[PDB]
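With chain B's structure known, arrange chains C and A on it following the hints.
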Amino acid sequence: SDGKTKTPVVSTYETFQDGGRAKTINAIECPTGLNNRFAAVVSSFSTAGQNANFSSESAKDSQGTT
Amino acid sequence: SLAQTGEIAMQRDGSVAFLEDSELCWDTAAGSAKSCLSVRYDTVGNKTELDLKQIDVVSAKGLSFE
Amino acid sequence: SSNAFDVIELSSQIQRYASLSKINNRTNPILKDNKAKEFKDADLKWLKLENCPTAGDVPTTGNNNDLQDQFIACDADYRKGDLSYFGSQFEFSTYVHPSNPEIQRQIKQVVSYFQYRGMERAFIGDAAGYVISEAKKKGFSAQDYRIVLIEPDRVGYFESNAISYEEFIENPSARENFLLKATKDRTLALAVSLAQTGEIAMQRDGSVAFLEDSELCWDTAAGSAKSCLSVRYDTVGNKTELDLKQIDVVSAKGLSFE
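Protein chains in written order, with the authors' numbering: chain B, 292 to 357; chain C, 226 to 291; chain A, 34 to 291.
The set of hints was computed from the structure by calculation and includes no laboratory data.
It is possible that part of the hints are untrue.
In silico PhoX-like cross-links for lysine-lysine, where the CA-CA straight-line distance does not exceed 20 Å [said to hold, decoys possible]:
#	chain 1	residue 1	chain 2	residue 2
1	A	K259	C	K272
2	C	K286	A	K65
3	A	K73	C	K286
4	A	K70	B	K297
5	C	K286	A	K286
6	A	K259	B	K295
7	C	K286	B	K295
8	B	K295	A	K286
Looking from chain B toward chain A, a few residues come up when the C-beta cut is under 10 Å (computed) [to be verified]:
#	residue
9	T298
10	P299
11	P322
12	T323
13	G324
The beta carbon of each residue, even a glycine, is placed where N, CA and C say it ideally should be.
The shape of chain B in the complex, shown without the other chains:
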């Protein structure tokens, strides 16, 4: 694509684990001569902070701000 070699972009739906701890995602195996790329984009969010469970793609549980 425009002189640069690319792999097809692959997508995952991610939420943070309870505890406000950072999220670990394993990097895809890149073919020899390519480097890993990553992008995160917002789907659903609220201001509930820790009082929420967004791990379901079909509904969002939001219990409000502390």
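The following block gives chains C and A in isolation, referenced to the frame of chain B:
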């Protein structure tokens, strides 16, 4: 009514077709393992598959699909 | 009264064996090594079926209700007559098989030797005339046809001195030159090589594989370089690559990747 056998030489006009489930292979530098491919038909689903999974990577320039 | 016939029969059966990758739907045992040269013994145990009273080297289907392809009868012995079967020298090249890790080589050349135990060494020329006549009778071109003196080598033997069949018959100067060096450390023998050197056509059963680093091309009005493709290997990456970068656009319908 003629039929062709495995011994038939492949012609540059392509009039001779591969036998069903036969694999087009390369002698490759992999040592003892060729990198083959075939066009398979799946009776359940009625769909033709161009199987390249014996080759690790397929490297194209431009690429389009449907 | 069958020595001239038997030399060509065994040689052609040895040549047939040399051209087969699988025998009775099982891997050819001579392709299951990695050595560049191997000598197969004159006893022809390596050419007899495994399902024989004394086990040979040729594999069977396992179920003996099918007709088992064989090359020589089980009691066959060609260490007879003026031209006595002496063994065969195989020369190999390293080879890449898609489905048998024990297959590491393919056959480059086979030369089968027949030592002359005739009354006079000079008479090997006549014995040569009958075999060559029987070979040409059955449609076989004898490649580099020669009377030879062979000595043991690291693997099998090597030809100390060799003379063309034409020179043994038409040049008495050259003939006695050759018969002279035939001493006790050498064995006087006939060297029988068959044919098939030219390049190979791709077959509709796909049994024939492309050669390494070869390119499959299309006539295009684009000229050159933009119509070909190949399967390349990366010696460090240990990955096979299907190189389509010579094609500008690849247009498929359905598409899946991993």
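How the hints compare with the structure:
1. Pair hint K259/A plus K272/C does not hold up; C-alpha atoms about 30 Å apart against a cutoff of 20 Å.
2. A C-alpha spacing of about 40 Å is found between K286/C and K65/A, which places the hinted pair above 20 Å, so the restraint is violated.
3. With a C-alpha separation of about 51 Å, the suggested pair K73/A and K286/C falls outside the 20 Å cut-off, and the hint is violated.
4. A hinted pair counts as satisfied when its Cα atoms are at most 20 Å apart, and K70/A with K297/B does not qualify at roughly 47 Å.
5. Proposed proximity of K286/C and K286/A is supported: the alpha carbons are some 17 Å apart, at most 20 Å.
6. As the CA atoms of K259/A and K295/B are separated by approximately 19 Å, the hinted pair is consistent with the 20 Å bound.
7. A hinted pair counts as satisfied when its Cα atoms are at most 20 Å apart, and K286/C with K295/B qualifies at roughly 10 Å.
8. Using a Cα cut-off of 20 Å, the hinted pair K295/B and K286/A is violated, with the two alpha carbons roughly 24 Å apart.
9. Annotation: interface hint on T298/B holds; nearest CB of chain A at approximately 8 Å, less than 10 Å.
10. The beta carbon of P299/B is positioned within 10 Å of a beta carbon in chain A (closest approach about 6 Å), and the interface hint is therefore held.
11. Contact between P322/B and chain A, as hinted, is supported at the beta carbon level, the nearest pair being about 8 Å apart and thus within 10 Å.
12. Nearest Cβ of chain A to the Cβ of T323/B: about 5 Å, under the 10 Å cut. The hint holds.
13. Because the closest C-beta pair between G324/B and chain A is about 9 Å apart, less than 10 Å, the hint holds.
When held up to the earlier numbered hints, the structure conflicts with 1, 2, 3, 4, 8 and fits the remainder.
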